[PDB]
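Single chain ahead, by itself, as structure tokens, in the form deposited in one PDB entry.
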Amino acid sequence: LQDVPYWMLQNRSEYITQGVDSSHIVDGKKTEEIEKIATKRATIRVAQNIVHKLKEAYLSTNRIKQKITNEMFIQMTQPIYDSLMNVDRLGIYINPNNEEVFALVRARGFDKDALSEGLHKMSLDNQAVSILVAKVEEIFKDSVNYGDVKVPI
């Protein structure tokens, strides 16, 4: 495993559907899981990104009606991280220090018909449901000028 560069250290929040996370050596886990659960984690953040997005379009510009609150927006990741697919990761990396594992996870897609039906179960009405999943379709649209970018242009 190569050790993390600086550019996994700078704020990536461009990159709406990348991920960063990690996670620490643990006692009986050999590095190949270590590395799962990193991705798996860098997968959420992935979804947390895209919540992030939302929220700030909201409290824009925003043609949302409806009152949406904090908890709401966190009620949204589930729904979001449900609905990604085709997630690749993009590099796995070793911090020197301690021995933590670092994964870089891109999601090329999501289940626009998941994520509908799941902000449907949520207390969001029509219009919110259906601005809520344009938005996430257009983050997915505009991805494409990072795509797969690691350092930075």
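Throughout, rigid core stands for the largest set of C-alpha atoms superposing within 1.5 Å between the two forms. Numbering follows the first chain given and starts at 1. What changes on going to the form deposited in another entry:
- Core-aligned CA deviation for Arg12 between these two forms: 2 Å or greater.
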Contents of the next structure:
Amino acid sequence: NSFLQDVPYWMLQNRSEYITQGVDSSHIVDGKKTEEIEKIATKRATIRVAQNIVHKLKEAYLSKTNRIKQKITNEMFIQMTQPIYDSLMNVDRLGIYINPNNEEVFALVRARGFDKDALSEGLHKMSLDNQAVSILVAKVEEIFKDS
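Alongside the form deposited in one PDB entry that was just displayed, please also present the structure of the form deposited in another entry.
Lone chain follows.
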């Protein structure tokens, strides 16, 4: 059975919510150099930051003190991922770890901010009304603040 060596701390399971940090990976692709796979992994980890944000937005929407009036489905939450991702700013690649067994490339990233006006417009463009958008964007703003 299988154990891994030289594993950085951020690769490990842990209880700790760095909502604006993302860890994710890319598998290898024949004909793509490892550096290319690191780029893909870094983008995937950045999408993961957006996924982390959407998760917090669903919980807020489900809360007894939700103020969003529009009905927002799970599928709509999933759709929010792209506009949130598109709005992320100043995202730093903090680390790379490669699993030598399958050569899967993991990236650690941190998004230092987001563009509230870009996020607003993206959310409008997926048919969320202005009351819903205002609350959603304010929530994302709190997440960056609290981070």
